[PDB]
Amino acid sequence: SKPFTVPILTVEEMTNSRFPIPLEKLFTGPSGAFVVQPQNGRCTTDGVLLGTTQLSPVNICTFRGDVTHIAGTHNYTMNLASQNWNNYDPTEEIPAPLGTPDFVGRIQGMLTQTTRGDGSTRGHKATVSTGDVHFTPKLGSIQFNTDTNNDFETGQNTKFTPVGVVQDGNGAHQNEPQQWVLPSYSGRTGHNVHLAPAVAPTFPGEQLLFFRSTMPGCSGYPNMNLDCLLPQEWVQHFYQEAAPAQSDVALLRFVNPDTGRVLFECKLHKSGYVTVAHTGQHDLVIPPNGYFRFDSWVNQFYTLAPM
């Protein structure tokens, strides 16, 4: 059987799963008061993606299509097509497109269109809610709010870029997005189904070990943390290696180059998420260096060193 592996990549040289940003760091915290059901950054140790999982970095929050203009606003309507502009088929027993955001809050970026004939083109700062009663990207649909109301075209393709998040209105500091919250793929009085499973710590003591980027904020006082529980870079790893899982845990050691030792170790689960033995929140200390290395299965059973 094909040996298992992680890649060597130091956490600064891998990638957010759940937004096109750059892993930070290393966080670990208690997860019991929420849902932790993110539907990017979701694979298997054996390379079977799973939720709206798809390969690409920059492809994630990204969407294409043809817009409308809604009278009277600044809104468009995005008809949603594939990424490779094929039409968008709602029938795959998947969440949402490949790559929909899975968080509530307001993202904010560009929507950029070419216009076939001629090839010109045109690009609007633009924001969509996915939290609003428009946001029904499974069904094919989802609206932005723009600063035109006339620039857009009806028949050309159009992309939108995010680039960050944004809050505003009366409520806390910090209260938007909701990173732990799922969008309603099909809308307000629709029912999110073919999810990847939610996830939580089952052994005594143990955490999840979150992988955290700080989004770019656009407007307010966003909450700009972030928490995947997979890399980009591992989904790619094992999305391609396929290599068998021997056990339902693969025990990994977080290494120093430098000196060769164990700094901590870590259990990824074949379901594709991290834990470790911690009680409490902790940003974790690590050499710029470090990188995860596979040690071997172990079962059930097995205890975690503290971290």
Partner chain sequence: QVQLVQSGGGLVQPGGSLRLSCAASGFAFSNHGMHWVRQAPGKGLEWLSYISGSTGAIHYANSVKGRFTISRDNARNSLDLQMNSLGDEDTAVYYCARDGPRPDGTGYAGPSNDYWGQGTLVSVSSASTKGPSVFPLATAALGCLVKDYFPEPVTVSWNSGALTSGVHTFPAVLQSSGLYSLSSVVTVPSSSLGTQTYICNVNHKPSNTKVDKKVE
The other form holds:
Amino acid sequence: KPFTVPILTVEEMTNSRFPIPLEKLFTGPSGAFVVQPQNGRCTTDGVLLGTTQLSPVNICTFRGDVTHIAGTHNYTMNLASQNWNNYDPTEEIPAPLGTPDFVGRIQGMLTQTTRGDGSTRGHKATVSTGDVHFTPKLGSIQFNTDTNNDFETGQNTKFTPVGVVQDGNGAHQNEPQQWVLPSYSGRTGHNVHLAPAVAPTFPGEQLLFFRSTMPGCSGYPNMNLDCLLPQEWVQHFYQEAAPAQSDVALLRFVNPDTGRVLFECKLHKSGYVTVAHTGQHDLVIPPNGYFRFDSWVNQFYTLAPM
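Can you swap the form solved without the partner chain for the form deposited with the partner chain bound?
This part shows the chain on its own.
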């Protein structure tokens, strides 16, 4: 079966690491950080990796029941699955699907419904992926809210991510850190079944990132979010499951108003994109541009300069 990539443009697509639209393409030099995300990881033949699932609205969300923590405004959530069934902390995944893959503080809203009378309550809440109480692989996390007396027990509760927050008396832009993985089992275990780290295996080649801007909710946060594959390509590769004729597919970026090729890049079977460039570059593209698969190539194909 012939391999293809969707003909959607960058503005039409969605980030695979947070439920927000894409914005621009960006290439930058890897080094001083390890590119090892667990969302947006998917092979070209349809195999999902890490914490990747298919719905773009279930990224960075949580479901389950809550419990008030004595004398605080904090709540502990016992995690369920997406379909509200029980979560199995013995599944061969790093954490429940859609769980964040970066260290930071995520602000959103906790909502709850009482199955009895159909009454509802919602409160702003914050979750910090970098503290001791963030143990999603164990099924339990913590929320900081504004109320100490409104969320009931044994009821379905859902966390909906909105943005990121930075708390501090200075130290600006020190969080979130998109290339630092959380400890999915807290201080009581090492992460397991992770998606492999990715890096170009070719000097002068850099990764191409699909970049969106996360909303900020408090302070001076880092709102840039790079992903390896748009959520739409993750969905495409899964449905098509076209076998790879090689370890590297060659894509071309086309401006259909002219018919002209703007640049070419390598789509690696493992599920990420490389360009031939040196230094950080915010790519400037026509809004109609789309990627196009041309041919499968070998290990030693040399790319035209982006």
